[PDB]
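**Q** Based on the sequences and whatever the hints tell you, model everything.
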Amino acid sequence: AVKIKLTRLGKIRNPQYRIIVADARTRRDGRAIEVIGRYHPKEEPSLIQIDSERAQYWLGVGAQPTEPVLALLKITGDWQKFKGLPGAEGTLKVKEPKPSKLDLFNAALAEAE
Amino acid sequence: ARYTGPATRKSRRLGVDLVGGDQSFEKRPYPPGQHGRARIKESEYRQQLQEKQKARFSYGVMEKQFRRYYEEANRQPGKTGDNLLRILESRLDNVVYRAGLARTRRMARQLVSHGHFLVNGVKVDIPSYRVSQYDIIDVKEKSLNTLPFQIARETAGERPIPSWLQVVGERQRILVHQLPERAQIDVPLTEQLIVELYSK
Amino acid sequence: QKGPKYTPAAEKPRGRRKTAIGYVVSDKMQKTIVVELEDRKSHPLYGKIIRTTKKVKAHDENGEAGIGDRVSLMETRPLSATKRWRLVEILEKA
Amino acid sequence: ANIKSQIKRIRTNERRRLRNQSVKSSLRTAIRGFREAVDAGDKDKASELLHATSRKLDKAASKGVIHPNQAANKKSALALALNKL
RNA sequence: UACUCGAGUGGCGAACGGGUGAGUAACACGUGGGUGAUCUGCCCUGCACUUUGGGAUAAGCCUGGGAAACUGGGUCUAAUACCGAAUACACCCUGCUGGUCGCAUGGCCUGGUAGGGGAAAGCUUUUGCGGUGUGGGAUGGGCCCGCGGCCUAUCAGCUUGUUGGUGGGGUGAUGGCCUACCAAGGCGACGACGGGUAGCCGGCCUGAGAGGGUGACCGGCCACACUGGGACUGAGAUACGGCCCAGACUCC
Ligand SMILES: [Mg+2]
Ligand SMILES: [Mg+2]
Ligand SMILES: [Mg+2]
Ligand SMILES: [Mg+2]
Ligand SMILES: [Mg+2]
Ligand SMILES: [Mg+2]
Ligand SMILES: [Mg+2]
Ligand SMILES: [Mg+2]
Ligand SMILES: [Mg+2]
Ligand SMILES: [Mg+2]
Ligand SMILES: [Mg+2]
Ligand SMILES: [Mg+2]
Ligand SMILES: [Mg+2]
Ligand SMILES: [Mg+2]
Ligand SMILES: [Mg+2]
Ligand SMILES: [Mg+2]
Ligand SMILES: [Mg+2]
Ligand SMILES: [Mg+2]
Ligand SMILES: [Mg+2]
Ligand SMILES: [Mg+2]
Ligand SMILES: [Mg+2]
Ligand SMILES: [Mg+2]
Ligand SMILES: [Mg+2]
Ligand SMILES: [Mg+2]
Ligand SMILES: [Mg+2]
Ligand SMILES: [Mg+2]
Ligand SMILES: [Mg+2]
Ligand SMILES: [Mg+2]
Ligand SMILES: [Mg+2]
Ligand SMILES: [Mg+2]
Ligand SMILES: [Mg+2]
Ligand SMILES: [Mg+2]
Ligand SMILES: [Mg+2]
Ligand SMILES: [Mg+2]
Ligand SMILES: [Mg+2]
Ligand SMILES: [Mg+2]
Ligand SMILES: [Mg+2]
Ligand SMILES: [Mg+2]
Ligand SMILES: [Mg+2]
Ligand SMILES: [Mg+2]
Ligand SMILES: [Mg+2]
Ligand SMILES: [Mg+2]
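Chains as they are written, first to last, in the authors' numbering: chain P, 2 to 114; chain D, 2 to 201; chain Q, 4 to 97; chain T, 2 to 86.
Fair warning: there could be bad hints in the mix.
Quick list of in silico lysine to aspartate or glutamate cross-link-like pairs, DMTMM-like style, CA-CA up to 20 Å [to be verified]:
#	chain 1	residue 1	chain 2	residue 2
1	D	55	D	45
2	Q	86	Q	63
3	P	99	D	136
4	P	102	D	45
5	P	102	D	139
6	D	141	P	112
No lab work stands behind these hints: they were computed from the structure.
**A** Here is the structure:
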């Protein structure tokens with residue numbers, strides 16, 4: 002009865018969550034078999050990262066992900082990829098790239114001079 | 002917890018001027034107190050203590066701050082003395098002072114603590130703020146219109162701005178490019194003695 | 004879509020077992036024998052080479068080994084308490 | 002015995018344990034029936050007795066009273082006994 | 001009316017989760033293997049299916065002890081609750097009969113052949129769940145092994161199921177594990193049996209290093225539930241808010 006669980010790591014004001022495959026009788030922060038993904042709620046991009054191949058293998062061998070893990074699977078594209086109904090679509094949004102410090106410095110120098 | 006007592010007394014006691022505009026020091030170079038003229042036995046411990054006191058009380062830094070500065074410098078791959086002096090100069094108060102926007106370390110520290118400057122467009126108010134290579138420091142309009150800041154920027158005729166520091170315009174923007182070298186810093190006193198003592 | 008009734012599993016290779024060679028020093032018992040095994044190790048602190056010997060209980064079914072004979076031995080599943088060693092073949096006799 | 006859940010579990014345990022004891026008594030009766038049959042040394046009476054015993058043991062394994070491997074080993078023991086004797 | 005549900009039968013959960021370190025100098029822990037000697041609900045994936053008959057009772061009602069918990073007697077009722085019979089030759093046994101391997105018995109080839117036996121429950125009309133036997137995954141476990149890890153001769157011999165083997169019992173499992181009959185041995189100065197201390201490890205502190213101390217939190221195992229014994233349940237039990245018995249304490 003293996004189910005994918007979220008392990009509470011990080012800091013109180015901005016929690017950090019991993020995505021782990023482990024037995025249902027293990028701990029929230031204890032025994033783990035593999036580390037496959039993560040979740041970042043503090044960043045409003047809401048960065049999502051997951052190993053598609055490992056997730057697919059676990060779903061095939063018969064994992065029973067919980068509701069939040071299944072929601073993350075929909076968000077990334079893994080659940081609908083497995084089911085094959087709509088296909089493979091990526092709803093994830095990447096973090097906005099930070100403008101380069103070098104170009105910021107160049108613009109500032111140009112403005113100054 | 003800053004220092005409230007006199008700034009001239011430390012110079013008088015340790016025998017070398019610090020601010021450089023101290024008239025009382027040259028007036029009475031002898032140690033202050035009732036028996037400053039008495040001879041003192043020379044000792045390596047005395048020498049090391051005087052050097053470290055000079056450095057710490059001249060830069061106004063706190064003791065634990067200096068201690069972990071030293072530990073970080075020692076852990077740094079480069080030579081401990083060079084690392085220590087570079088990180089110590091990296092302090093924003095000394096950065097602005099050598100940029101010439103400030104006339105005294107105490108007033109510069111108060112200005113930084115109250116936070117009249119802008120760091121990368123975000124207001125930061127930390128007197129011991131860490132400043133790294135290739136950074137940008139900005140100035141707020143509430144500081145530009147401030148009277149003493151205007152006096153400093155229109156009377157900046159102090160010692161020449163060092164190599165790693167340079168001002169670009171009337172906005173008083175300070176930039177750092179490369180890693181200072183002991184020789185081109187040419188700071189008074191010596192660091193070998195201090196590092197030896199802190200190794201003791 | 005009808006699948007076969009038999010689904011073969013993965014052929015796990017048979018594992019290796021410890022093998023040893025020693026000398027037999029007594030056979031008074033019935034279909035059981037004593038063999039001494041010698042080991043050499045370096046002392047963790049001083050580094051001296053130290054010789055040690057062990058006493059192990061072997062399994063036999065005919066008592067073909069005489070006293071003071073070199074013999075090859077092998078690992079088996081348990082048959083008697085403190086008796087967990089088996090015979091394979093005799094090498095040297097006198 | 003503090004709350005309704007565990008008191009009910011108690012009740013059920015004792016009841017179905019009475020049932021369990023009855024069934025185990027039946028199995029043990031079959032076992033010693035075979036025992037004294039063998040001791041006497043009967044052949045055809047032993048044949049039908051062991052047929053009944055195997056039936057009972059198989060049914061017990063089916064409804065979970067005894068391990069099916071346990072029943073199989075017991076049956077093999079009966080077979081070895083009847084063939085040696 | 002079943003939207004809803006007191007209490008009562010009937011399934012599932014309840015060994016999960018959470019605390020502690022008295023007992024241990026031991027496979028208990030790490031480390032690397034063996035298991036041809038092992039089991040495994042709930043999950044997934046395949047194979048053939050899923051007939052029939054019957055008794056009983058809680059509940060409800062009547063009633064006795066009694067403040068009390070709980071308890072005796074009479075009447076009475078349904079279910080997936082309980083019990084016969086319908087096959088099963090992918091299952092388990094016994095007698096006869098071929099190929100490979102070695103890890104020695106013997107294992108495997110679902111080798112082949114003669115005989116014997118092995119069970120089911122329906123509801124729902126909705127993103128449907130259930131009932132029997134067999135093959136493979138994954139977790140869950142069970143037994144065993146080589147190496148490692150305190151002090152102490154002001155502790156010199158210990159043991160009779162103790163050592164080795166034959167027939168039976170037994171468990172899931174090989175096994176002096178137990179019993180009956182044979183032989184007298186096994187371990188011992190490369191420290192047995194004794195006496196004192198102490199849960200173990202990934203770690204932490206110190207120290208360049210070797211080395212020394214320590215087991216906070218967190219992470220993985222071992223053992224315990226007032227003290228001492230015993231047993232049923234179940235796929236699973238030191239069964240901490242399960243059960244029986246013996247002692248001290250407390251309450252009505
Ligand atoms: Mg986020
Ligand atoms: Mg034996
Ligand atoms: Mg009786
Ligand atoms: Mg039947
Ligand atoms: Mg109710
Ligand atoms: Mg249910
Ligand atoms: Mg428990
Ligand atoms: Mg359970
Ligand atoms: Mg625990
Ligand atoms: Mg405690
Ligand atoms: Mg203790
Ligand atoms: Mg005790
Ligand atoms: Mg002891
Ligand atoms: Mg172990
Ligand atoms: Mg262990
Ligand atoms: Mg009743
Ligand atoms: Mg009825
Ligand atoms: Mg039934
Ligand atoms: Mg076959
Ligand atoms: Mg049959
Ligand atoms: Mg039949
Ligand atoms: Mg039926
Ligand atoms: Mg299967
Ligand atoms: Mg299987
Ligand atoms: Mg294992
Ligand atoms: Mg071992
Ligand atoms: Mg060890
Ligand atoms: Mg013994
Ligand atoms: Mg005897
Ligand atoms: Mg047995
Ligand atoms: Mg015996
Ligand atoms: Mg260190
Ligand atoms: Mg060490
Ligand atoms: Mg220790
Ligand atoms: Mg501890
Ligand atoms: Mg722990
Ligand atoms: Mg207890
Ligand atoms: Mg107590
Ligand atoms: Mg106790
Ligand atoms: Mg059981
Ligand atoms: Mg269970
Ligand atoms: Mg319990």
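**Q** Indicate, hint by hint, whether the structure satisfies it.
**A** These are the hints, each one checked on the structure:
Proximity of residue 55(D) to residue 45(D) is assessed by CA-CA distance (about 15 Å); at most 20 Å being required, the pair is judged to hold. Between residue 86(Q) and residue 63(Q), the direct Cα distance comes to roughly 11 Å. Compliance with the 20 Å bound is thereby established for this hinted pair. Simply put, residue 99(P) and residue 136(D) have alpha-carbon atoms about 16 Å apart, close enough for the 20 Å limit, and the pair holds. Restraint check for residue 102(P) and residue 45(D): not satisfied, since their Cα atoms lie roughly 48 Å apart, outside the 20 Å limit.
For the suggested pair residue 102(P) and residue 139(D), the alpha carbons sit about 15 Å apart, so the restraint of at most 20 Å is met. Of the supplied pair hints, the one linking residue 141(D) and residue 112(P) holds, its CA atoms being roughly 17 Å apart against a limit of 20 Å.
Checked against the numbered hints above, the structure breaks only hint 4 and satisfies the rest.
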